[PDB]
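Using the sequences provided together with the hints, build the complete structure.
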Amino acid sequence: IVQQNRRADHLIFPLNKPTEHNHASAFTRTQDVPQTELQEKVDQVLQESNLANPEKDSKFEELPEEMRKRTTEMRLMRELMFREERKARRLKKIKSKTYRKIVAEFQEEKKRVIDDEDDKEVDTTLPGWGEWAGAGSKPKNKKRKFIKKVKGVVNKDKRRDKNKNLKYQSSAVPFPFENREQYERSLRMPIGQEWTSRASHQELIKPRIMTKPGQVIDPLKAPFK
Amino acid sequence: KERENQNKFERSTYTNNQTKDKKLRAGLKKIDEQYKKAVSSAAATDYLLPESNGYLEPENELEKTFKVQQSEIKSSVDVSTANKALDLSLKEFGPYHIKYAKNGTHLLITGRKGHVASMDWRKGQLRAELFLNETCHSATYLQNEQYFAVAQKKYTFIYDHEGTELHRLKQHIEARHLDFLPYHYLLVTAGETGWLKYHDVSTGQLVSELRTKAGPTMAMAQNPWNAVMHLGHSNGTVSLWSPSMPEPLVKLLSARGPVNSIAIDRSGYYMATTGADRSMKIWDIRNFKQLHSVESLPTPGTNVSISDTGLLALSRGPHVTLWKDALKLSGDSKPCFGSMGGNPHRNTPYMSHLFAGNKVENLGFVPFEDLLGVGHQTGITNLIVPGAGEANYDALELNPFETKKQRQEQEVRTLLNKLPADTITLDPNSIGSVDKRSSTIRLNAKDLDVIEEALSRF
Amino acid sequence: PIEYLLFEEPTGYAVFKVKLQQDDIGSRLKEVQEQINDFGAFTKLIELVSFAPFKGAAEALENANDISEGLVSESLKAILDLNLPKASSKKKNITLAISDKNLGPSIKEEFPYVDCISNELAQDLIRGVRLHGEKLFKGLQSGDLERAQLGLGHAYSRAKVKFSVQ
Amino acid sequence: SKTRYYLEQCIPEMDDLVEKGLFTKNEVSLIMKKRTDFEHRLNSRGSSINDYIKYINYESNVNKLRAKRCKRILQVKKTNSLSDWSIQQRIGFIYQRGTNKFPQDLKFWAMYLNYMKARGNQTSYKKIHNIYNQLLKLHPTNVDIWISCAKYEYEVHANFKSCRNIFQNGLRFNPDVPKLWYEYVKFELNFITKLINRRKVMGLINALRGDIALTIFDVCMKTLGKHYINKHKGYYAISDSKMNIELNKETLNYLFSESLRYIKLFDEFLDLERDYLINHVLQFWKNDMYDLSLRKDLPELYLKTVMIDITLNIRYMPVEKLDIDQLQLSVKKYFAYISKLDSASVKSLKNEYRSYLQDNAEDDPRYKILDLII
Amino acid sequence: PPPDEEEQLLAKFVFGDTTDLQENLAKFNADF
RNA sequence: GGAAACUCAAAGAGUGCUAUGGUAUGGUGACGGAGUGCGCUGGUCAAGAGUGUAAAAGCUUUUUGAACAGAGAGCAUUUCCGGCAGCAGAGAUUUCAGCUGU
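Protein chains in written order, with PDB author numbering: chain RQ, 301 to 363, 370 to 408, 765 to 825, 838 to 899; chain 5C, 13 to 29, 36 to 466, 544 to 553; chain 3D, 3 to 168; chain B6, 2 to 207, 264 to 417, 424 to 437; chain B8, 13 to 44.
Please keep in mind that the hints were generated in silico from the structure rather than gathered at the bench.
The hints are all genuine.
From the structure, some residues in chain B6 lie toward chain RQ, with a derived Cβ separation under 7 angstroms:
no., residue
1, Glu9
2, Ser163
3, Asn166
4, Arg199
5, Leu265
6, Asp268
DSS-like cross-link-like pairs, simulated, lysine-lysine; straight-line CA separation at most 30 angstroms:
no., chain 1, residue 1, chain 2, residue 2
7, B6, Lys102, RQ, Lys880
8, RQ, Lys782, 5C, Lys454
9, RQ, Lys398, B6, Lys118
Idealized CB from N, CA, C, for every residue including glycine.
This is how it looks when you write it as structure tokens:
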């Protein structure tokens with residue numbers, strides 16, 4: 301039970317079920333001892349002559371041509387039978403029947775922004791060191807010596823044109851996620867009133883731990899551990 | 013669960029170009051279930067939408083739609099809409115720049131000479147009529163009918179509800195274009211100087227001064243989606259600006275010559291720019307493709323506007339011409355002026371009107387109604403354009419029936435949730451994410544001569 | 003747990019059902035002490051389940067004297083036996099909030115499954131329903147409660163002093 | 002807002018009701034804007050039970066249109082999908098909300114009970130029991146709710162034990178109106194009549266008496282007398298012995314007029330021992346009532362009970378064989394009355410003669432009767 | 013799928029149809 | 001400064017109004033109703049056990065069993081119904097209530 305309580309989306313902290321007593325009805329007696337003079341009079345008469353209706357169950361628990375001809379005594383017994391008698395009669399008919407059956767220019771600005779991109783191929787290859795620079799007297803070849811790569815903002819074959839607020843975005847990926855695809859799939863839907871329906875807004879904003887505001891929280895008890 | 017209109021309510025996400039954790043796996047599964055449930059239940063609200071959009075449909079092949087007259091519309095529609103189609107004949111001061119409040123309740127007109135009037139155009143209640151005898155250029159409301167900013171001879175002034183002057187801005191030296199950013203509380207200003215200035219109306223503080231570096235600002239529009247400003251220069255260049263970067267976010271080569279007007283869709287997807295080379299151009303904003311290039315207009319389009327339901331209202335002097343479904347990708351949505359032999363694949367005008375006396379100053383659709391308010395040389399005229407307004411507003415964004423108490427509390431609440439000016443990016447969904455540096459996988463600190548061969552050993 | 007509430011008043015008896023408990027430990031705090039003045043939050047605590055009105059000013063005076071000297075009358079017995087559930091007498095009694103610590107013993111003498119609470123939590127619940135009165139009852143009584151209060155106060159006083167008009 | 006919650010609770014049934022091809026989208030938007038109007042009027046301020054009633058009537062009308070359109074389009078009588086119970090469930094919840102908001106109009110409570118009973122097999126009798134329980138909790142003094150509750154649970158379900166419990170609890174609450182007393186003696190006589198008729202029927206195919270009705274008759278007299286002497290002379294007993302005896306006489310008149318109505322609507326139960334069950338009320342009225350009904354005033358009532366005791370066997374038709382059997386009993390009654398009375402002697406003689414002449424070849428045996436009662 | 017007169021009557025109630033209302037306003041012609 | 005008001009706005013204070021979802025209808029045939037079984041409540045009796053004692057009595061008991069009285073406050077599953085007529089019955093021409101087979 302500890303695992304399902306850890307995995308449950310919502311814990312409603314009246315969690316041990318309160319022992320609900322039988323409701324105060326107006327169809328019965330909420331004390332089961334005679335409470336008025338009328339009640340004790342009626343019960344002493346009714347215990348002089350009891351009316352638990354076991355006799356009135358066995359009297360009406362007795363009743370082809372029984373189906374066709376008896377269309378008057380059937381209605382008479384239907385009017386005559388009491389509550390549990392009619393329940394048993396319905397059960398007997400149910401069991402009997404169930405036993406019976408079964765734009766050319768636009769390219770210059772595009773070309774300029776391509777040039778202000780794409781890995782920024784600088785060369786400071788060596789200005790004059792080692793090899794007698796300046797005023798004639800050429801050196802040897804392989805003046806390759808410095809082609810370092812300051813990284814452009816986007817590489818040339820990874821745009822889509824070929825086919838102050840870095841404090842409003844988080845520094846790294848936070849703990850429970852493993853990549854920013856997962857984490858932004860968490861952030862992708864707004865829980866606001868303006869963007870969801872009312873039912874979806876309520877489902878999105880109800881908290882996990884929901885306690886009652888003025889009653890004691892008892893420790894958990896399980897069905898035999 | 014299927015919901016034929018979900019992709020309006022869908023939400024894009026990051027992709028890489036599954037997990038072994040049990041708790042994280044079930045957390046992501048709950049998140050995907052909640053996203054699907056939320057999209058479905060949010061898209062089921064289109065049953066609850068009260069009203070239906072307007073239209074007009076030809077019902078014959080002899081009955082073209084651009085040759086339907088405004089008097090014929092006013093006879094065919096109800097008395098409330100016919101009374102909304104107002105007309106003020108204000109002859110003596112100059113051409114009237116029109117402006118509506120963001121719910122369509124108040125109208126703000128400015129004469130070129132001096133006459134600025136803020137009014138409730140649909141009752142008969144004006145609440146400011148002030149004659150500022152120097153040449154005014156433009157005005158806008160700020161967050162209400164209660165304050166408006168006017169761009170005067172040089173300085174931009176800010177007036178209260180009844181017209182008393184609240185502020186004279188010593189910066190904003192020569193404005194010709196003002197626009198308010200309502201979620202950010204920013205008055206944006208551009209004009210004859212090559213400078214773009216963002217001014218916080220709530221605190222009172224000039225947020226940004228940006229060198230356009232391209233001379234005077236010929237046109238100016240605001241993306242309602244992400245609050246970046248599209249300015250049109252005398253190069254034929256639109257540039258998209260934010261108050262964080264001192265350089266434009268993007269520079270597009272829209273037209274030849276200068277750029278006469280810019281309009282943006284409210285979905286932030288399409289932009290229509292008219293140049294002075296008689297060229298209307300429809301642009302994709304998100305992917306920066308050029309969708310349509312209507313070249314050789316008969317006379318240069320002096321204005322464009324885009325309604326809330328995507329109509330395109332171009333104005334070329336005396337003429338106003340509206341196209342329906344022109345902001346779409348296909349070449350059959352290129353706005354034509356006639357259909358050569360009855361081609362169904364040619365976007366002829368949805369409706370047209372001729373202001374025979376004059377030359378129109380500016381265009382503006384009335385926000386939640388089916389009207390187009392055009393301000394011209396002799397005042398104001400609303401046009402009943404039936405396809406041209408969101409029939410189902412949201413009444414807790416901005417409400418056309420809002421009361422005085424609702425205005426007060428909504429003013430305090432939007433003032434409280436004012437977005438900072440640094441959150442303005444080219445896409446709005448980029449302030450929850452991680453850096454585009456700072457590697458996409460989180461790190462777990464664990465990851466944090545046979546003689547010479549003999550002479551070797553020497 | 004303060005599950006039910008018994009409010010006696012000149013028009014009859016009222017049994018309320020406590021929806022939300024108020025705070026026990028923070029019961030002296032400012033917000034808890036003025037939530038019983040605000041009606042919009044008191045209706046989150048108290049709900050009316052029953053109101054048995056009196057048969058007239060005669061039964062009103064009888065029940066005023068019985069409530070005054072701390073006895074359960076027959077109309078009290080009727081409404082409590084209608085409304086309170088048949089709980090146990092040895093394990094988790096049903097909890098009734100009264101305002102009279104010597105009426106409590108007369109209630110447990112008649113219903114042993116009822117434990118009665120009149121401490122400061124039941125006292126300010128009771129004075130919340132006294133402070134709001136006619137608004138809690140949702141329109142179900144005959145007679146204005148202050149007019150019945152004037153009649154019952156004059157009747158109680160003349161009875162207690164034996165005022166003879168001869 | 003909560004109108005938004007209720008309105009978007011209304012959407013899955015019209016999802017289903019558009020999928021089952023009976024309604025279209027443009028007409029279901031019309032029923033949603035009408036339902037939006039109604040839900041906003043319900044849970045806004047200044048609300049009315051007429052707003053609740055008009056919403057219930059609108060929902061019943063769209064239910065009837067839905068049934069008609071289902072029979073005309075799909076040619077089934079229910080689609081066994083969500084959209085045939087959701088709207089009746091909505092009506093039941095509008096009723097529950099209305100009775101929680103305005104629990105004071107018994108017209109609305111009884112419309113709730115009528116719709117919930119007439120919903121048929123689909124409802125639950127414990128669901129009717131719940132709203133009977135909370136209605137009887139809120140209105141314990143209103144007595145027709147007790148009669149209606151017990152009438153539903155005897156004249157539909159035939160639950161004698163629970164019906165006896167309902168009547169005893171109602172008589173616990175308001176033991177002051179005689180109407181609940183009369184309906185309880187009516188229920189007990191109906192129960193004992195059904196008992197002896199099922200005995201007669203089991204005999205014809207193949264102890265417990267009206268003394269219950271007599272005992273509740275006895276406590277009816279005692280407690281109705283107690284409550285009238287407590288109701289009148291209200292505050293105090295500041296009244297001299299003239300006013301005390303005037304009061305006690307008037308309570309005897311009140312109680313005896315109610316027992317006159319008791320025998321008047323007691324005679325028509327003629328399938329049990331009606332003679333014994335009327336004679337026991339006769340002997341219960343014959344005794345002393347502490348203020349000399351016989352030996353002093355209410356002598357007219359004494360003469361009325363004497364006339365009743367005389368004709369108590371002569372409650373017969375024009376076939377007067379019982380008169381030819383025991384008219385000497387009536388003669389001895391008239392002689393025993395005129396042996397003491399002074400003007401009631403002549404009154405009882407003329408009244409018994411007029412009664413027998415009005416109630417009774425056939426005129427020749429009636430000529431014998433006229434010679435007898437002349 | 014035919015029409016029906018009772019169905020169209022209570023459908024005119026449920027959908028809030030003022031079509032017969034405008035028909036009667038156009039029809040009644042001040043005949044008295 | 002003054003006067004007028006079914007004038008137009010900007011704000012402040014107080015009062016009134018059930019102003020009531022502590023986690024929203026009894027039910028997306030995935031369902032409902034009926035019945036059964038399990039579960040639950042109360043008192044009574046009996047048994048156990050402790051404690052006490054000469055024996056007791058008494059008192060305690062989250063120990064069990066029995067019949068009784070119930071609650072609507074839970075959980076199953078194929079036990080039936082929400083299929084069709086024929087027929088009588090029920091209430092105000094619509095709905096409601098059982099027998100013989102599909």
